[PDB]
Amino acid sequence: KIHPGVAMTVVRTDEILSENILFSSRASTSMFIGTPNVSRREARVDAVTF
Amino acid sequence: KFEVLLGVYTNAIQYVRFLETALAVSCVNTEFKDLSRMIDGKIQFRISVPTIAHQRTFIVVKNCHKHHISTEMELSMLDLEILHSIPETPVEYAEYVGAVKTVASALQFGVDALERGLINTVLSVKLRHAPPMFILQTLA
Amino acid sequence: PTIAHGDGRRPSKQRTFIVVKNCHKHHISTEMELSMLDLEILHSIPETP
Amino acid sequence: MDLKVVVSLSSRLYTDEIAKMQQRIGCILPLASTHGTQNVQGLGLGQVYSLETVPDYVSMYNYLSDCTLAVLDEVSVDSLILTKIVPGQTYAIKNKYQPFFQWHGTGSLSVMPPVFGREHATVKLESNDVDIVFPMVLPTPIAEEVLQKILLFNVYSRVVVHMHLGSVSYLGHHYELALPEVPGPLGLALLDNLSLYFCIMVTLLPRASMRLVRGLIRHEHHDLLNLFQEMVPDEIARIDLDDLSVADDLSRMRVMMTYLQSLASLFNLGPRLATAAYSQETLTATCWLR
Amino acid sequence: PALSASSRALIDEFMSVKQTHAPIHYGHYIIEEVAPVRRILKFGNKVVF
Amino acid sequence: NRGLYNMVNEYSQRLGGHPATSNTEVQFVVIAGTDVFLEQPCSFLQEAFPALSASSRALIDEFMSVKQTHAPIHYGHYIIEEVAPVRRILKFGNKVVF
Amino acid sequence: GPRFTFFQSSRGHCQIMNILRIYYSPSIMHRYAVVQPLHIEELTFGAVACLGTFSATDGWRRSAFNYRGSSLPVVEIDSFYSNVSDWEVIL
Amino acid sequence: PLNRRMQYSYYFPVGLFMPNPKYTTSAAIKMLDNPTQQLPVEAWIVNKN
Amino acid sequence: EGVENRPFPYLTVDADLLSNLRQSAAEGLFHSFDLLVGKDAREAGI
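Chains as they are written, first to last, in our numbering: chain U, 1 to 50; chain C, 1 to 140; chain R, 1 to 49; chain S, 1 to 290; chain D, 1 to 49; chain P, 1 to 98; chain B, 1 to 91; chain F, 1 to 49; chain G, 1 to 46.
Below, in silico cross-link-like pairs of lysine to any residue (SDA-like), each with a Cα-Cα straight-line distance of 25 Å or less: (1) 67(P) <-> 20(D); (2) 30(F) <-> 7(D); (3) 42(C) <-> 36(U).
Since the hints were derived computationally from the structure, they do not count as laboratory data.
Generate coordinates for the entire structure from the input sequences, incorporating the hints supplied.
Printed below as a string of structure tokens:
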């Protein structure tokens, strides 16, 4: 329990679970909505994957 | 002696339409029937700065960025072959209506999951162009 | 339902939950007492006080 | 069936990478998953073959064989369309590999980790701050020649001739390939399994054939024999003293032919492509996954 | 900076009074948490905000 | 251990975590279930609250004097303050703290 | 006495022989220590064969198998695609 | 996606040493050690609890 | 378990049951439940 001749500065970090609030002005961003088409991926032997 | 079955229950999954939530006041939108053939969209801004006694023009370019989203519904090969076939006895008819209910549930699930993904992409693109509070409290 | 994402996560394909709940059957028993020396006269009719 | 995978870029793309990537159309690329849309991470061998100085070719072979395969045809800004490769389907594969390997008629293609330098098949995507490398595809005889040249460099590391091993030769052109010094314990594990097979070969190798080949070099001379320089090896002197018997020779061959199938199948690392009808005027071929 | 202290004694006086606490004692020292998240510190019934 | 909602359920369902009895001179161990109306939070989290103790009467009548600026630690002496789910009223004459 | 084990993997056959050699690394020197290989045919330490492919995501849900008396634990590879190959020797 | 995790960074010195005119801005702290000849060896940090 | 997987006329109510559901079932709040993913999410045969 005897001090050495050299000190230290213990750095560390802390994770904090915050609740953010998102605000934006009206008509900020124009976008285009596509056509929601379906597709057929894979024919596994008893089950197909769309 | 009997075992009482006190009814079966389920949740009617309501569609949360993209304009039915108030997030679409942040984003106006245009149904563009052919986004597959639009590789690029730009917008030119000519901004004219006046002069003050004791001219300048900011031509800035802005570009669009596309977003792809895709989930995967799934269907067994049973409820396609019994969907194409035709019933004649009411037990087969009861099987058939159940299979078409399953396939319709999967299809409506697919478009509903796609709509929820649209809200997710909108929230992500608004969070991407969002600097924090303690910078725009001062820079504004 | 699930949510489509831009990144490729292993997508949950229409999960369906079925839970059931059983009845908590339990009963109530009371304890009345009655002495039988006055029960023969409830079925009969009175004529003497 | 619909096999289209679109990969979304997380940022934009500068015009030089656009011009470079549109040259790289039709090449085989690997993918992380087999889902609908993916991001730029997980594409290419650059995640396991990083921007470093010591490669590891056999772990690259493992990453190639483990993951799926695709071909890149349509590339634009923010988005580029890939087409998956699944067993059961046929495809067209174009020959856009800058070490220009002339393909044999109806042979078999093989994918390959980039042996001709990292910078040769690489697009630097600094916009999404990552790198996509392009895995080489070249025919199977040149594939086995490169692979056995790699392992012979790995085993002759500890001995010394260098230019006669680390440079392939083809009818089209001779090429040089990048050589590391250690492939780590996975390359040592490939050498482990190779030496396991080899020592059990020289336990169970037949002795009628040595008694043939002694009198055959002393009788005949061939291109199949002039590598001995008309000198019998010493184990031919100290092995052919024994008599020649049919039964143990059959019992030796009945396990030798079993083991050599496994020794071939151990060199099956990396996905193989048995293609058909290559044309020297279209630079493409009808291929499918074997 | 978090609540650093070079003894127990400056802690056991820091929860006592705040406005007249000692920042620098003889050999020991203490440092007030000026963190964005300001935590209440429950030492028995001596809080500090 | 297995299941966390199972822990809350088995807290709520029968709540037999070897607790004591009441309305008796000393505590026994309860065998007869669902006859006493009891609850055991100390067997849900397995910790224990520090009661109000001290060393001599001196630090007690210091801590009763001012509950804010008093000593928790004297020279060799010490006094541990009362933190509890029930924050008790402590009367010592007219000096009474919270 | 010889054993029949089964294997689920998402690797190539090139990987399956090496990782199976590393998996059987105790048993090979177990057999080497107990029985010396006196002839030339005992050195074959068994072989493997691809029984086929299936879905890598929904694979190998566990289940139970009852006979009239008892119940062994049993896996259920669901929606399997059968494809037999030959034998490639482990060594 | 709004339940994000801001990470902050904390630091505290351990085992410093004040220059030789040591002093105190406090009254009700007394120690049974030499005032001028004590130095810290440890720190004390508060927890989540 | 005691769960019957036969098809049914599932009456549809508007209460959102699924507030923190998958974490609850992986913790096992329910007595007995069946997680059906993908192909088994259909009505089983009669």
